Every structure is written in structure tokens, then in C-alpha cells.
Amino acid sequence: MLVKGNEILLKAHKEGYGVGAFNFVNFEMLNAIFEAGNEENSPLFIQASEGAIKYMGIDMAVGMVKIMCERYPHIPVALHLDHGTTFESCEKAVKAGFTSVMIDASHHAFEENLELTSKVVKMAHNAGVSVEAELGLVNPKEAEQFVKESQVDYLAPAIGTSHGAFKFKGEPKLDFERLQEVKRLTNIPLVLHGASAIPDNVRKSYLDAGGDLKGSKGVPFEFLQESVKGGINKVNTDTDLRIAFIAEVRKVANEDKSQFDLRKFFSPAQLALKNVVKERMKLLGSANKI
């Protein structure tokens, strides 16, 4: 059923596994994520970006999740605001029924990031909602102070991905010892952003269907595995889902120019997305944890 984000992530923190945090923008994505969690007996951490909330309406985003929870009442589910950019966006998500909110002030200096994060924490904790923040590479002693003073529930430290305020050109490299130091000093669940791991079969599906991935690479599965070993407990996953889904839409469009039954496009798209989610749950170690 619907639970606070910290309930899912504290278990992962204690037991040393990662929970994929899977984005959705509509019914098809959400259904595939839930079926994957059901088939792998995995907790579900469901994310909606601010753009997804604008697209669906926050009432529909929460409403569809509540319907799905009732359909699979044995699965723990958290509903998380991904990259909230203002206090008011986080508060609206809290009021609408989200059970986790992320405030991204990582482009601000330490003091301003801490101040806004703490304000979000005060509001969210009063409503029983858990909070994620982001900090950058990160200095572990600054992360220690940031966590202790803010009371944030989980932190996304900049540890080597090209993402957000910490974009760089070049092969990403995981700073494992830095990760371990952040983990040891903060003793909270940690979150990895910017780690798309386009599986070989998904890449092939997308290219075969005529797609172009313009030298976009993501990271190898080993990067994700090593990150979990080092204490990452939440792995944001969106890009990989979209590529798998749209590969099947492109394929249907290519192979039958007369096809306009939406279900003929979106049933195979859901299946491909579901399979990405299932494999990611197995890779990160949340399978069979419910």
C-alpha cells in the first residue's frame, strides 16, 4: 500500500540494496511499473517530475497511483516528487498526497541550499512526508553537516555522474571511496541521479526501430552495482524506461502504416518498459524484498 518514502529506503539502507525510483507520465508507464513490482516481489518507489505533474495534473497523478495501490495492496509504494524546484511545489505535492518530496537546491550555495531544504523538511515532516535533497563532487564533511542540520531523510550526493549542476563532458566515473565516506558520515539512505544504464537490448530495440541515440551512453550496469555496494539505496530511473517504451511505438509505426489502434502501439511498449523495470529491480537487489 502507499507508505512514506523513508519506510522503503531505510530498509534498503539497513540491508544494503538499491530501490529503483521509476518515473511515470501517464497510465501506461504506471501500469508497467506496478506489474514489474508485482512480478519481482519488489517495493515500488514511484516518481513524478514537475513536468509530469503539469502534464497529468497532480490530482490525476496521485489518483492513478491510489487506484494502482488498491489493485496491488501487498506492494509497498512511495509516491515521490522528483526534482521539486520550489517550496511551494513540494507543499502542493504534500497536500495532494505524495509520500516523499525532493527539493533540488543543489545549484545554490551551501547556506541557501540548507536553508530551503530545512524549510521543506519542516513542512513535510509536519505532514508525515519524507524528504530528499541534493548536494555537490560532494565534500563528505559538508554532506555530514548538511544532513545533520537539515534533518533530511535521504541525500543525492554528487559522486561522479554528469547531471544537473554537476554536468561534465567525458566518461562518467564513480568515486566509490567518496561515496563510502559520505555514507559513513551521514548514515542515511543515499540517492543516485543521472545514472541511465541503457541496456544493450533496449538500445538495439530503439535503433532497430529507426531511432537515433546520438552518442548518448549512460553508464554500465557495473556502475550501478558498485554504487549500491557503496551505499546508494535509491536509483532514479526514467530515460531507460522512455527509450524502451518509445522503441516499441516506433516499431509499430514502421511495420504497419495502417495501424492506429492505440493499444497495438502501447501494449508492446508497456511490456518493454515492464521488462526494463523487472531487470533493474533484480540488478539493484530489491527483488523478493516484500
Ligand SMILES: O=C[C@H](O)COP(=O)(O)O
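Superpose the two forms; the largest set of C-alphas matching within 1.5 Å is the rigid core. Shifts are known only where both forms have a C-alpha. Numbering follows the first chain given and starts at 1. First, how it differs from the form solved in complex with the named molecule.
Only one of 163, 83, 183, 203 has its C-alpha shifted by 2 Å or more between these two forms once the core is superposed, and that residue is 163.
Once both forms are overlaid on the rigid core, the distance between the two CA positions of residue 172 between these two forms is 2 angstroms or more. The protein segment that moves between these two forms, counted as a run of at least three consecutive residues with every Cα displaced by 2 Å or more relative to the fitted core, is 162-172 alone.
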Given for the second form:
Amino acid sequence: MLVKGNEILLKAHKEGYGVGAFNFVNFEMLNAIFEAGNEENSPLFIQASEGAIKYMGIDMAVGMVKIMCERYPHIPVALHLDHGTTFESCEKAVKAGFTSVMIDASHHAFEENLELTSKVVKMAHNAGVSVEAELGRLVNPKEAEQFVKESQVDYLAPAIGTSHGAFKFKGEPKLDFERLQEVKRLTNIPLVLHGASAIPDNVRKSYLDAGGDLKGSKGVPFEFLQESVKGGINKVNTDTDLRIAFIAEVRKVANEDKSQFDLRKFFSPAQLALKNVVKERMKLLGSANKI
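Now that the form deposited without the named molecule has been shown, please provide the structure of the form solved in complex with the named molecule.
Keep in mind that what follows is only the chain, not its partners or any molecules around it.
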């Protein structure tokens, strides 16, 4: 059922596994994510950016998820506001029915980040909603310790070297695992890895074969994702991988049959490829068979 974010991540934290947090912007993405969770017996973090919420309407974003939760009532699901930029946005998400909100004030200085995070936390906890914040313009583990203690935030995204999107590394993949472990030891709460898409080889091949361009793309190696979870990561934000796999199949259908305009013929295969990315990621991170 639809549950407070901390309910899923505290179990992940206690048992040391990672739960993918999968973005969606419409029905097809949402359905494939849920079918993956059903097929791998995995709890689900479903998240929506402010852009996705604008695109869908917050009423549709929450409404579709509630329909899917009723369709799969045995699956623990948290609905999470990804990269909330203001108190008011986090408050709107709470009022609408989100069960987790992220407030991203990591571009502010420490005191202003902590001040706004603490304000979001009070509002959210008053409503039974868990809260994520972010530290790292890389994270300072002693700042993280104080930040978590004073804010009462439920989970923290410490910056250890990732970034959003398909172009994460110009050199060798490198994540500061010693820093992650220090943060984990000093905070002892669930941690979040942003920018955690891997761009798997088969997703890349699918995309390029359909005529796409992924020049210079590099994701987090699978081994780095697994080492992140060993280091204490429990929420693993994933979006780019889903988009590439989905749009690869759309491009393919368009290439292979110029007369095709049944939307289902484009989006059924796209859903299948996205679903398969999620199922593999659930296994990799350790959330498979955790229901």
C-alpha cells in the first residue's frame, strides 16, 4: 500500500539494501515501474520532479499512483517529491497526498539549508510525511552529522561524486566511498544517491540502434551502485536509464514502420524495456524479494 517514505527506507537501512526511487512523468512509466515491482516482489519508491508534477498536474500524479497502489495492494509504495525547491512546493505535495518530500537547498550555505530543511521537516512530520534533504553544493561528514541532528530530516542525499543525467564522468568513474561511510557512521539514517543511472550497455545499444545519439555518455557502474549500498545508500534515484530505454523503443517503432500511428504499438514495447531496466535494478540493489 501507499506508505510513509521512512517505512520503506528504515527497513532498507536496518537490513542494508537499496531501494530504487524511480521517476515518472505519465501513465506508461508508472505502469512499467509497478509491474517491475510486482514481478520482482520489491517495495517501490515512486518519485515525481516539480517538472513532472507541472506536466501531469499534482492531482493526476497522486491519483494515478493511488489507482496503481489499489491494483497492487501488497506492494509497499512511497510517493516522493523529487527536488522540491521551496517550502510551498513541499507543502503542496504533502497536502496533495505525497508520503515523502525532498527539499533541495544544497546550493545555499549550511545555515540556510538547515533552516529551510528544518521548516519543511516540521510541516511534513506534522502531516506524517517523511523528508529528504541534500548536502553538497562534496559532503562534509561533520556538517552532515550536525545537519541531521538539528533538522530531524529522515534521509540525507550526501554528494559523493554523482550528477544527474547521462554524462556523469569525463574521466574514470569515481565516487568517494570513504566519505559515504563516514557520513553513514555519523548520521545513522537512510542515505540517498542522486544521479544513480548506470546507462547499461544493452540500453545504450538499443538506443543507438534506433538512431539515437549518446556521444560521451557514462553512468554509475553497476559495481559502484552495489558498493554504494554496501556503504549505506538506501534510496537510489533513477530516471535517465528509464527514459533512454523507453525512447529507444519509440524511436525503433517509428523507424521500422512509417505507417504506424497506434500509440500502443509505440508504448507497449517502450514500457517493456523500461520495466526490464527496473527489474534488473531492483535485483542489483537488493530490494527484490523484500515484500
